[PDB]
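Coming up is one lone chain in structure tokens, specifically the form deposited in one PDB entry.
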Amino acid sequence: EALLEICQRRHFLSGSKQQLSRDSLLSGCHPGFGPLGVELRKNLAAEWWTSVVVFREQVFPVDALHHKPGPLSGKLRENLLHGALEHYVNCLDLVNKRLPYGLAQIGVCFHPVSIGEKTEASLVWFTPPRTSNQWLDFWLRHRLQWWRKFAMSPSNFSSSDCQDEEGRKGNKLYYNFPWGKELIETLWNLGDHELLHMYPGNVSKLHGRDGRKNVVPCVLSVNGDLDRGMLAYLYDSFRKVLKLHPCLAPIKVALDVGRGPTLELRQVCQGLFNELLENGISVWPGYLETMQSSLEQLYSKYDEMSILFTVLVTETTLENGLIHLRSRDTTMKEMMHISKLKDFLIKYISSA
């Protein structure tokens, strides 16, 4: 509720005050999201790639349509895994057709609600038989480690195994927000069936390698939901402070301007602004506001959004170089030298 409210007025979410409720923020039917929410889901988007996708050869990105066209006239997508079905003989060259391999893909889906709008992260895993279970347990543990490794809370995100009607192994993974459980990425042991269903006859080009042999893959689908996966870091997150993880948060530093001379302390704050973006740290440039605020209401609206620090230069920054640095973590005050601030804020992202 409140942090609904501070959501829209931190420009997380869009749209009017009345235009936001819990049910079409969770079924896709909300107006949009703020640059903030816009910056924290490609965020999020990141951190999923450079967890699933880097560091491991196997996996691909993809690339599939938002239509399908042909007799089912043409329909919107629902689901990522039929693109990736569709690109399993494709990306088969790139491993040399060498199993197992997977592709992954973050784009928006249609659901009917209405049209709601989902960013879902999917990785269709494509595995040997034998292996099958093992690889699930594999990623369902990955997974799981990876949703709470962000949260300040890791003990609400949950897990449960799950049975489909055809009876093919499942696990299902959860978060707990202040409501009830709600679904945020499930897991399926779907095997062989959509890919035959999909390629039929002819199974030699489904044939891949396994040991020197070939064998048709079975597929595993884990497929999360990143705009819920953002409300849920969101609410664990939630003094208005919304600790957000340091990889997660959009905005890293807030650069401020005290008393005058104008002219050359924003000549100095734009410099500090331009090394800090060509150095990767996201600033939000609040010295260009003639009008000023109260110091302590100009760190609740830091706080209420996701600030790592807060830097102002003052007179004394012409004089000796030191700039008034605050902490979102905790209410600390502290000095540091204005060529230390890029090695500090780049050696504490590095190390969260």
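Numbering follows the first chain given and starts at 1. Here, rigid core means the biggest group of C-alpha atoms that superpose within 1.5 Å across both forms. What changes on going to the form deposited in another entry:
With the core held fixed, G271 shows a CA shift below 2 Å between these two forms. After superposition on the rigid core, the Cα atom of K17 is displaced by 2 Å or more between these two forms. After superposition on the rigid core, the Cα of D161 moves by less than 2 Å between these two forms.
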Second form
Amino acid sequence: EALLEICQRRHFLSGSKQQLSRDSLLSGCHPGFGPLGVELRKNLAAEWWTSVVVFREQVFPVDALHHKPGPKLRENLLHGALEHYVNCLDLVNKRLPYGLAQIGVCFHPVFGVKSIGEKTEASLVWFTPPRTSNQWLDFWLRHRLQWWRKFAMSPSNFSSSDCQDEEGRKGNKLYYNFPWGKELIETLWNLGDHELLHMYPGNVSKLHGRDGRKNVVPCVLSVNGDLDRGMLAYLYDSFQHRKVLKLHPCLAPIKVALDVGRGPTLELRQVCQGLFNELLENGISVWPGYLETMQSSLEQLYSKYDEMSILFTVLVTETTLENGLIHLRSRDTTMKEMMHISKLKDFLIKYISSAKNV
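Moving on from the form deposited in one PDB entry, kindly provide the form deposited in another entry as a structure.
Below: the lone chain, stripped of partners and molecules.
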């Protein structure tokens, strides 16, 4: 119950006036998210794209309009991918097993008057040859499962189930065991040539594709995951007397934070500016925690830094001006030591590589 309040206080979530209940956050009726939440969502989307899009060789992204052009807020991105597949077959040089994925905002209805809420979801439509089409979907059933262990503190929370229907012979559904309850965060559906016939009125020549030097109709496997809901579930799994969220460093909005205390004001400001510039140039996100004249307490500042998904806390004191050593504290280890100013960038790079490298 207090997790939402903590997230809102630390800029992890937006105001709770419109989305006080978890139902609004789960659906698209939530009143936005804080800058920390926006950063976390962007990092999660980038990591998912790198693992699914950039990591994959035959997979290239796609873009679908937020509104439906028609022939009304958009409900899914599969239609755009299916429409663009006609050109992508020739452009990709008969990429029979290739697919198109996109992470974007889609509108869903919530219901006196039923409203429309926008939520961020990642939809991937993959064309596969029929002879192993379902098997290709099974391959995703592994790869998506890998994402379940990509950043989740407890991989056992994620679960998978098999479902069938008239439209799709084989389908996979992924669920996350949130503290409130189990919620479906990923779904899979393997549609055949019926969708191609509906979109293409007898376009067998265009629908047929080159696979293994053979003309084969591509079956479309659509995998839809909840980017916002998935991020919320991962954040909840990260949390576990002290309320500290051990968020994944890769998806953490801020990696390191700069502070000023116990030293010259000009020297501390110069050191903080240099550290921020180095982090920006090196691609390391640095929280601009300096320029604070309050100085309430060290414990309060440490708690605020830990609650803000900060991988580590950096404090600059007279030791930095004396021998270049500043206080470095790791939230996960609950330990503090002295680290060199020059070695801070190397340590951050090593930590990022270790977190990214499984």
